[PDB]
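What follows is the residue order along each chain.
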Amino acid sequence: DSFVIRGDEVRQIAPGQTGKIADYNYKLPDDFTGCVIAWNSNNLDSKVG
Amino acid sequence: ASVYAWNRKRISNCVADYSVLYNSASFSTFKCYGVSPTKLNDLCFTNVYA
Amino acid sequence: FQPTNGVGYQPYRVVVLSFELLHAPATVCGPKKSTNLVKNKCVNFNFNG
Numbered sequence: 398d399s400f401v402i403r404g405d406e407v408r409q410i411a412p413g414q415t416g417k418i419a420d421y422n423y424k425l426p427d428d429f430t431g432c433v434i435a436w437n438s439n440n441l442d443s444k445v446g
Numbered sequence: 348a349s350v351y352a353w354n355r356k357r358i359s360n361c362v363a364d365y366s367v368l369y370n371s372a373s374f375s376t377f378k379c380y381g382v383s384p385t386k387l388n389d390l391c392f393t394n395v396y397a
Numbered sequence: 497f498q499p500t501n502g503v504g505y506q507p508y509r510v511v512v513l514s515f516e517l518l519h520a521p522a523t524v525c526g527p528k529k530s531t532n533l534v535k536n537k538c539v540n541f542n543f544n545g
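Protein chains in written order, with the UniProt record's numbering: chain Z, 398 to 446; chain E, 348 to 397; chain A, 497 to 545.
Just chain Z, with the same shape it has in the complex:
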């Protein structure tokens, strides 16, 4: 599952966490088995303005 989120929303991609992304956008199960791999993409996903 691939998506783009801001830096303070990375900690909500974990089992048992809360937040706007966890409630309304992407919720992981509490019995989740697998990995979360997040990297900065400021060059590809930001433009000036």
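It is worth saying that the hints were derived from the structure and are not from the lab. Cβ coordinates follow ideal geometry from the N, Cα and C atoms, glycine included. Treat the hints with care, since some could be wrong.
[Claimed, not checked] Rough simulated footprint, nothing fancy, chain Z against chain A, three-plus residues with beta-carbon under 8 Å:
#, region
1, 504-510
2, 514-523
[Stated by the list, open to error] Between beta-carbon pairs, the in silico distance windows are:
#, chain 1, residue 1, chain 2, residue 2, range
3, A, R509, E, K378, 29 to 35 Å
4, E, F377, A, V511, 31 to 37 Å
5, A, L513, E, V367, 36 to 42 Å
6, Z, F400, A, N501, 14 to 20 Å
7, Z, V433, E, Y365, 41 to 47 Å
8, A, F541, Z, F429, 28 to 34 Å
9, A, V539, Z, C432, 30 to 36 Å
10, Z, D428, E, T376, 47 to 53 Å
11, A, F515, E, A352, 45 to 51 Å
12, Z, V407, A, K529, 32 to 38 Å
13, A, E516, E, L368, 46 to 52 Å
[Unchecked claim] To give a feel for the contact side, a few chain A residues facing chain Z, derived at Cβ under 10 Å:
#, residue
14, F497
15, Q498
16, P499
17, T500
18, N501
Mind docking chains E and A on chain Z? Use the hints.
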């Protein structure tokens, strides 16, 4: 290169296109001193040090 | 997103890998290479996980 060994390039004897620098949406700082940044395309110079 | 925004407000690309382990035969296996089968002798085996 590192800032103590900053790289200098001599630009001369070519036609220069400054529109590709200005329209790019990655340059956060485009601060021009003594020349208008929009009027970089208008003027002619002899030597450019990068 | 802007490139001048702080790291809380910078783009991060997230890939969540979720592995499911059912009773079905395993299809996603790692790069470990198979060995020859040894029979009638006590061995330590890894049979498809």
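Here's how the hints hold up against the structure:
no., hint, verdict
1, 504-510, "holds (count 7)"
2, 514-523, "holds (count 4)"
3, A:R509 / E:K378: 29 to 35 Å, "holds (31 Å)"
4, E:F377 / A:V511: 31 to 37 Å, "holds (34 Å)"
5, A:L513 / E:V367: 36 to 42 Å, "holds (40 Å)"
6, Z:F400 / A:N501: 14 to 20 Å, "holds (18 Å)"
7, Z:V433 / E:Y365: 41 to 47 Å, "holds (44 Å)"
8, A:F541 / Z:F429: 28 to 34 Å, "holds (30 Å)"
9, A:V539 / Z:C432: 30 to 36 Å, "holds (31 Å)"
10, Z:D428 / E:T376: 47 to 53 Å, "holds (48 Å)"
11, A:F515 / E:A352: 45 to 51 Å, "holds (48 Å)"
12, Z:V407 / A:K529: 32 to 38 Å, "holds (36 Å)"
13, A:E516 / E:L368: 46 to 52 Å, "holds (50 Å)"
14, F497, "holds (4 Å)"
15, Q498, "holds (6 Å)"
16, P499, "holds (4 Å)"
17, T500, "holds (8 Å)"
18, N501, "holds (7 Å)"
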